[PDB]
Every structure is written in C-alpha cells, then in structure tokens.
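Colleague: Residue strings, one per chain:
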Amino acid sequence: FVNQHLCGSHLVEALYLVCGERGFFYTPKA
Amino acid sequence: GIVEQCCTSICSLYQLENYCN
Numbered sequence: 001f002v003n004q005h006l007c008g009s010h011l012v013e014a015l016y017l018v019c020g021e022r023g024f025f026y027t028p029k030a
Numbered sequence: 001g002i003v004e005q006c007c008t009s010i011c012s013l014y015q016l017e018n019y020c021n
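Chains B and A, in that order, are what the protein sequence lines are. Per the deposited numbering, the very first residue in the first sequence carries number 1; after that it's consecutive. Per the deposited numbering, the very first residue in the second sequence carries number 1; after that it's consecutive.
These aren't lab readings, by the way, just hints derived from the structure by calculation. Check each hint, because a few of them may be wrong.
Below, computed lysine to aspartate or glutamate pairings styled on EDC-like, alpha-carbon distance capped at 20 Å [said to hold, decoys possible]:
id	chain 1	residue 1	chain 2	residue 2
1	B	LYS29	B	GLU13
2	B	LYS29	A	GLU4
3	B	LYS29	A	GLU17
All chains, please: the whole structure from these sequences, using the hints.
Modeller: Rendered as structure tokens:
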C-alpha cells in the first residue's frame, strides 16, 4: 500500500503504520 | 524531501523507512 502518490494526511498515516512504535518525523519543507 | 519523493512522485517502503526514528 506504500507504492503510490501519498500526500497530506495520507502520507502521515502511511508513516504511522510503517514506523510503528519507532515513530517518525514529518518535515514537508525540508 | 518526503513530499517530492512520495507525494509529487511515487514513494517506496525504502524511502518511507528513511523517516522513522
């Protein structure tokens, strides 16, 4: 489910699922 | 960054995992 265009809340939600308890950082301008 | 790689073009697991802590 990660091999498509992921934008906005859709991207954030993919990172949440994949990274799990490691967490993640979301930096849309870096 | 992530928007250019996953939003503007197609993303991959390889690239998503680069953003996990």
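Colleague: Could you tell me which of the numbered hints above are not met by this structure, giving the numbers in increasing order?
Modeller: Checked against the structure, no hint fails, so every one of them is satisfied.
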